[PDB]
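The form deposited without its partner chain is given below as one chain in structure tokens.
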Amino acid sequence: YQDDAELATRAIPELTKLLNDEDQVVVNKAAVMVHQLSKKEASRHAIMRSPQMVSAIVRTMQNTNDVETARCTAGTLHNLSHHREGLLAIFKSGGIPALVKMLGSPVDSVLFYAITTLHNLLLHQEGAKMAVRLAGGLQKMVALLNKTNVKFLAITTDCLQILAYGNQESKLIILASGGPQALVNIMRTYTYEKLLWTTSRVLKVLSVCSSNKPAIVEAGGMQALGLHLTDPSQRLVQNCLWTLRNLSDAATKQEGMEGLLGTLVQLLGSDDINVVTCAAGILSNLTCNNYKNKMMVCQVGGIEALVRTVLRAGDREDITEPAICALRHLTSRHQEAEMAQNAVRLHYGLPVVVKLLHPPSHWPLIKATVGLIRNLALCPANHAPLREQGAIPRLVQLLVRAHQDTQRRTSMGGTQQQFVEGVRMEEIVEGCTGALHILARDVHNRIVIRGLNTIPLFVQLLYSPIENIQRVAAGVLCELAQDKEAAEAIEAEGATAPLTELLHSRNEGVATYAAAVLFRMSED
């Protein structure tokens, strides 16, 4: 060894001379020796530290198409990339643009030497990201996703993950290169844990993108990610779940979701809190405005599973909020909505749902819960139970608070109206009044509502500048007007004047309810 870092050093200028030889026959001889001088502790640091070498070696690899020297050279750089000095040395000689050129090599051993070295550079060499992007490694790597060696694909997809992370430039190019569809293809074809994991990471990164999102969805990403939710690997399952939650708001138009939806429902009974949370989140977005998904979730026991999720979550609002939102979506506008409304009651959900209206619940959960209660009230069998649990007094109380807050802002807190815990009080005013409108279909509920002296407030809400509020207020007043005593109170309260003006509202809903109140009040 005492002559390695002494003779090889005096040998460096030697082989370096041969690598630049014009004779395409002996240049191969050095390539072999040089490669050998990459396996010894000394020779390695000899060439690696010999800028002259690195440069020639790199130039050789790319130039000589000789399917024999291409690997000796490529094989040299790779041995150097296991050392920081090597990575840096390779980076300075411009090896990256070369290595990227070799990604097109039909000689597997060269291909493998290229992708593994680039991976090392992208993993520990600052500046590598720019260079690879510069040389156009992105489109190259996306093209190589058509290969079938799984360890190779795992390396390649990891590189793409490194290059894409937090960079829309790379992401755009990946998209244009047809990356999404290729990535989804891998998820539905292979079973090599490491590969699925690394690929799910690239998808996770792209799923937070605006342009990549709808692309992954169209490629069938939802269904494919859904294939691995039952896999033994926890990191794979969790990565698929996060990516799925990100895509879920742009996948409300997909077909063949039966399998995914059924799996999500069963995932609600998981021992892992994090899986439960994501699952509820994903179901909430997939059942928003999609009657088909709503019918499916209900069909596989979604209602019972969600009520159980709410019970198990306790005071953990990151779980109850989306679970309660899903339940809201499932209890209206679809063929089985009525079955869903009944099932919530049959599975002992009414008590827990009304309790959520009380502290320690914060506003976002409260807002979601008021909406669910409005839907539950569409089922006449839920009126007495909802009333027994104290729903009306709490809804009215919430209504009064939110309305006053909007009054302490009619002056100037900041702007027209801002938020409180992420919720505008105008939405609580609308939600509560809307819940009371439906509940008021019941004669007994009307007695309670009227008894709390709400008519004066409801009338003032007709002057609200917010159309949706004017509409639910007129709505609840119309329901209450069917009782003579309430009808006289509404009139004594001066509702006729404002109702008469609302007949001209630009909002059909508002004009209709206003007119309905007046008719109910006329023909008594």
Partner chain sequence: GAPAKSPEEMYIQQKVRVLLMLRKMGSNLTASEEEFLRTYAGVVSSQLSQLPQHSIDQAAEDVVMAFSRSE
The other form holds:
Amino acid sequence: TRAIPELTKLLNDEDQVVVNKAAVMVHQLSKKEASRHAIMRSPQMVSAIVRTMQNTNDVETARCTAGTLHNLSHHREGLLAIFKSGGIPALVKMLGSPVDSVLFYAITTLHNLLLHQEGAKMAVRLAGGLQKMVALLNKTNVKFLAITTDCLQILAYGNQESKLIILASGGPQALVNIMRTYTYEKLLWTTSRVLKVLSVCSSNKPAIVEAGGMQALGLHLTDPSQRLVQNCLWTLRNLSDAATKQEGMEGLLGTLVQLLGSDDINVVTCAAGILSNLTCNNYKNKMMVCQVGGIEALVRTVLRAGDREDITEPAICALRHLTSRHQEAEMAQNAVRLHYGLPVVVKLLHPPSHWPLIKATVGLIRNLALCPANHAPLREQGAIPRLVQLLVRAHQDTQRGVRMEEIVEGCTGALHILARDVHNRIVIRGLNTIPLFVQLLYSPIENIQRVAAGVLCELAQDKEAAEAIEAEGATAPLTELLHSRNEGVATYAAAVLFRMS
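Could the form deposited with its partner chain bound be shown next, to go alongside the form deposited without its partner chain?
Only one chain is given; partner chains and other molecules are left out.
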């Protein structure tokens, strides 16, 4: 079977006509398990196929030599053999072939090499494979694009260099175009994975967002392919903190709210995290998420989540954003109650809850308290004594977590709003907190002074209380605040002083 060496000779001939006839035969032997091993074992042969494929001008030989290589790349020896004989720079040049055949073999062999051959990734970057691959994303053969995008994911994984190159070639706009144009699951998947890898790169992140990435990925969140949905969600969460200024998000937001009802705990966890970021300082998104029943979806998601802070923390932070600073703010505050969420919210202030979640839970009680109809319910849920306990302990810790100064501000702030109700004031006072509030006026922190003076101001609206505040030596520290640059501190401080008369 020493026919291998004679073909190697023929392939290197001068008369292209025979060089051709030889490529046909090598390719044919390439199909038999026996004939193929002989080819991948003679580096002289494999090196002939490569040079030929790369320099030939006859399409048939360009396709046949390319196919032969595609066959050898099937085995361990075949790959090392193509690599060792400079196959990569060759295959990379072939990506420029104008034939939909030579092209499919080149990208497929490269794929095999990137997947298995050690030293393959660097060689491809070296030959400018990233640039050609990206320029190839304008084709419409979904199988070809699926193979191509996957090479990009392999080459971009954990490689900032390759990513920036992909970014300079307009990789994000082409990848986004794909997610909006095709319906072939495998392609959408391999492409969503290239976006996932690119979405962790702070410079790529903004580019994907501007290309319409948020909306493009939002298109596949209800797809039956669970791996497709998960990959889009992950990428969506990585981009969300950089997409809070985008318009045309109606669809994604609505789908995200529906995804909260999923049984797949990772779907709910991601949807919650993404909604949290997108409703953060964007009243447009806040109103939308509200119009599509987001408060109920979020309250229901918290009830079911239990002590799962991976779900409750984002959910509670999303509820907090939706209950302040937007036309529907008052409705949401009221809606949280109508859907049985007050008890669960108040509960979260207690162990096993950790500080991040407790801090977020305080800010929401504070917002919920803006609506007078939540005043009694929150009280009957035992919120006041607990808010005072957190305050007192955070303050003593301070005078001797995640910044106890913030818990001190949030709890005093929540109690300030809660103090708008008469029965709440009676409770806040019976908890012997006035001396503490008066002490809080000496805080170096301006935000603490405002809420300290504020709660004292609300309590002072009752004669008996205003007198105890005065009797508690509040007049001196209050007067020292009358010249605060903070209109809030100045106003409240003046109000207490006027009320103690």
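Numbering follows the first chain given and starts at 1. In this text, rigid core is short for the largest set of C-alphas that superpose within 1.5 Å between two forms.
- Going by which superposition fits each C-alpha best, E467 and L350 move as one rigid unit between the two forms.
- Here the chain moves as two rigid blocks between the two forms; the smaller block's rotation against the larger, from C-alpha superpositions, is 9°.
- Here the two forms are laid over each other by their core, and the C-alpha of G390 is off by 1.9 Å between the two forms.
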